[PDB]
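Only one protein chain is missing from this complex, and each of the others stays in its spot.
A and B label the chains in the order they appear, each numbered from 1.
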Amino acid sequence: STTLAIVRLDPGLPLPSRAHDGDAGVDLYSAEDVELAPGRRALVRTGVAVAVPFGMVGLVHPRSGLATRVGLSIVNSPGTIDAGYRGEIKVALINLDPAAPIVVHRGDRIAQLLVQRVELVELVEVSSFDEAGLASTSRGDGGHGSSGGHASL
Amino acid sequence: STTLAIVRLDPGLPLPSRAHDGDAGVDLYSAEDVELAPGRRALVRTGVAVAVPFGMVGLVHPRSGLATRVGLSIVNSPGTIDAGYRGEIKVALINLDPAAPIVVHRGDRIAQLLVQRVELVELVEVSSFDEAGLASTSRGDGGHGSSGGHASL
Partner (left out) sequence: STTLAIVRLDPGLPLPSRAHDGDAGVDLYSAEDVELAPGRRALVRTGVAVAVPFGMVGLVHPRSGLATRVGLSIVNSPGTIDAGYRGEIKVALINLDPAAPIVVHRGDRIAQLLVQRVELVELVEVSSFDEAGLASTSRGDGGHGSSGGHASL
């Protein structure tokens, strides 16, 4: 398996775990009680540090239930935990509900951490994609809604 | 190819497809008409269920055109569809424009689904990264803007 070394900076919280076999992420706990008014964010400690392997990345994603039920999100989602980072994972929670505050208690599961390979790319500067001998593509320079699919596009 | 079994829970919608060869995602349709006032979210049915292979994850990402043109986003982006999930994919749309409502019609393309491998990690609890014999890293405990690049950091 791909092992991930982890330090429970706050040993009072359980180790992050998958809710079900095959789940992509292990759920991260809040070390803290925090209450977010509408529109407010906080930087919340999870009580863990990890050593993402070289060649990989840790990614902090919101949980869907809280997202829908109370509008909880993460400002920098997907949080990007670098392989060299040995500090505490912190989660930038934000309340995107307009009216109802969100109360987080220490020990709630407030996000999930995935680990994936990542390509540590070597940039090759060219003067044009033609010089790199790249074939023309279907997409070309099309983006930002170029394929349609909604009246505003 | 990597096959993805899919059930069209709503057979009136086309199968999700890539807009162009090589595109990362297949676009998901809204099964529903929904109108989001500024700041409001909804949990929108896509009319599909999928079986992400074990060892992989499905990821629901916003489309860029709607993001810019009308401020449409996804509260839990990137939505994390687990390999064991066999329910309907639902998209937590949110209107991040301050003033203009977003109207979604059934059959609009409102998000995109990627599939990637994911490392199903085995946590190894250590008392310190030293005990794991890990070398010191350049980054160390630096994060949350430690490398600079903006006046607020």
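One rule holds for everything that comes next: contacts are C-beta pairs under 8 Å (C-beta built on N, C-alpha and C of every residue); 3 or more make two chains touch, one makes a residue touch a chain.
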| item | value |
| --- | --- |
| Where the unshown chain meets subunit A, residue by residue | 19-23, 27, 39-41, 43, 54-55, 57, 63-66, 68-70, 75-84, 90, 92, 94, 96, 102-105, 108-110, 116-129, 132, 134, 137-144 |
| Touch list for subunit B against the chain that is not drawn | 1-8, 15-16, 18, 20-26, 43, 49, 51, 56, 61-64, 67-68, 71-73, 77-78, 82-88, 90, 96, 98, 112, 114-117, 137-139, 142-153 |
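The rule is short, and it goes like this: only the chains that are shown with their structure count from here on.
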| item | value |
| --- | --- |
| Euclidean distance of C-alpha centroids - subunit A vs subunit B, Å | 10 |
